[PDB]
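The structure's right below; bear with me while I get my questions together.
Removed from the display is one protein chain of the complex; every other protein chain stays in position.
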Amino acid sequence: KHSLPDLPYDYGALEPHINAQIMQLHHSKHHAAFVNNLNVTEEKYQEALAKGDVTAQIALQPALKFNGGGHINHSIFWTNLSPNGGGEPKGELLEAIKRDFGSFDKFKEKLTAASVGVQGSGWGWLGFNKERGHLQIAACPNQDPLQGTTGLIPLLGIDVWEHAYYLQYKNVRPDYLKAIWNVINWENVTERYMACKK
Amino acid sequence: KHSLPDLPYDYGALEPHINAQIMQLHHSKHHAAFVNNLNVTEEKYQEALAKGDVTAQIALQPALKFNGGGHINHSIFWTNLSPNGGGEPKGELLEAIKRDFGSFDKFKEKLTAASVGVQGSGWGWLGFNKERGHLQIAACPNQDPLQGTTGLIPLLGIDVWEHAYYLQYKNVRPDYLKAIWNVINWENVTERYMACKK
Amino acid sequence: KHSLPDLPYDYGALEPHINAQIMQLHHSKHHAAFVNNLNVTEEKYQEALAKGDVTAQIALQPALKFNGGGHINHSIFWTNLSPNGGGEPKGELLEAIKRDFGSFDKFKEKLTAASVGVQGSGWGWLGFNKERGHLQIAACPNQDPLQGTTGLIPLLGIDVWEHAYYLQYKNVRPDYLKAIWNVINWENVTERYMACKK
Partner (left out) sequence: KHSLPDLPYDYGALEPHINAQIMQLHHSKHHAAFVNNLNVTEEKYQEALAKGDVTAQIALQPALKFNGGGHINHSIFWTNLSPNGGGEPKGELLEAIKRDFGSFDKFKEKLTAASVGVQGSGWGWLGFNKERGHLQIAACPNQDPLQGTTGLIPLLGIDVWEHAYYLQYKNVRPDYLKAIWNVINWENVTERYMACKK
């Protein structure tokens, strides 16, 4: 069984960048529904798989991608944020960011452009291409997880679903993006990067 | 040139079902951006078309569908709502609703299920199938317009993008749906129905 | 497991409408490949689910739908064809066709148009809509199965992948469709129909 992970900090720790109300709703309401529905969907799939029912397996695909992706995406997101984050990364990561994007500022612009640009609900990702051996920016629609649909290893994800910023920033997505850079836990994205730095 | 249509009522007229803040942001901010970007996108397309630049035409497709759909969808939506709406439709429409869905209650359930069920951003629609000659329920992702992507004539649309209900109903989409039935302008959906009742 | 079903007639039984070469290749090579890969994908999916690896489950989705759908679709297709086929259906199926499509001829035109109209690889389908109690024509891309992705119950399917007709009819898909009507197994289509009008 999958579980709702605990937040590494209090709901009001990312203030004033992302307010406590969004953090509470996002985690306790949105993420909780994903794991519950994921466990419900996985049990159904186990029933379908055992019967060799291919129709049921295919019909169940959207719910699993949506809920399974929802769980995966949000789980990474909480670890990517920190009340002690912000600033710039250091060491190997910064080294690779300058190499692949030109500069840290250029990387920020690319990821922001990618995030602001998703039409509808989605995610902006900084990922690692294990085949090519470099960093890569990608945008994923709805809850489609990065690794599962793209093959890239997720390092940093930015949720651009409206529930992630509307209460505080309303329709101005760029304001939310400008603000989230102040709480990015570079300590965690450097770890994820090192984990696949092979 | 396309224009931002005026609302048929004051921003606070649909209260307490849909509050004035959502109505103001939704119309003055969201819809306004769609027409502006649509006009910008259409001019670009006219440049591409004149040059016979097929690459530019294809690259421009998402922006036109998103912004063009955005304009179309929201324009219909404002006419579908009214401070004097609610209740049940009468005459021909009600007659066709019972015929195609069993009862008005059954129709409500079907459209609600369709609307609550869109994964991500989208719309729930009551449309008319001119080929088959009956009413049909459909769900469209993001801003993909009903007629243009499906062929069905739009009668009643329900916006399930989070910006349409989050400030007031938060994550509980069903609450928003339960509430919107009280402001549905059946007078307008009966007109749209009669317009294609051929 | 899943196994390649034996054809209920020999490869040359549908001549001159569909030649023996196509039938042999379609069954022994194309369909066979789908079951082999379906078995492998299912085994991998079982592995992933036991370990709760949501990323692996999502990564396997395209393969499962394509190979599972390939098996499902072709398995129905073989039963939809017959050396004893052709003509028109009798009884209830025919009544339902007259009611839903105007006549059998109008139905022939519509299914033909939907098949000839698929861009790329795909299938043309006459399906049953359990929810509305009526017949419906739908087109599915590549190997996406009708029931698993649409909810409709498959009755008659027309494979419009180029491999189903190219050797004999080259690029002329309409010639292939005109010839397929002579081998449609209406006894089977009726059989499938009676099964869902329950």
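Per-chain residue numbering starts at 1, and chain names A, B and C are given in the order in which the chains are listed.
We adopt the following convention: a residue touches a chain if its C-beta (ideal position, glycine included) is under 8 Å from a C-beta of that chain, and two chains touch if they have at least 3 such contacts.
> Using the definition of touch stated at the top, determine which of B:40, B:58, B:194 or B:195 touches the missing chain.
Of the candidates B:40, B:58, B:194 or B:195, B:58 is in touch with the missing chain.
> Given the contact definition stated above, which residue among C:48, C:113 or C:167 touches the chain not shown here?
Hidden-chain contact among the options goes to C:167.
> Looking at the whole complex, which of B:14, B:23, B:72 or B:155 touches the chain that is not displayed?
Of all options in B:14, B:23, B:72 or B:155, contact with the hidden chain holds for B:72.
> Determine which one of B:49, B:194 or B:195 touches the chain that has been left out.
B:49
> Which chain B residues touch the hidden chain?
1-2, 38, 42, 45-46, 49, 52, 54-59, 61, 64-65, 68-69, 71-72, 144-145, 147-149, 151
> Quickly run down the residues of chain C that touch the omitted chain.
Output for chain C: 25, 29-30, 33, 62, 66, 119-122, 141-143, 161-163, 166-167, 170-171.
Please note the rule applied: only the chains that are shown with their structure count from here on.
> Chain A to chain C: how many Å between their CA centres?
Once rounded, the distance between the two centres reads 39 Å.
> Any chance you could list the residues of chain A touching two or more other chains?
Where chain A is concerned, no single residue meets two or more other chains.
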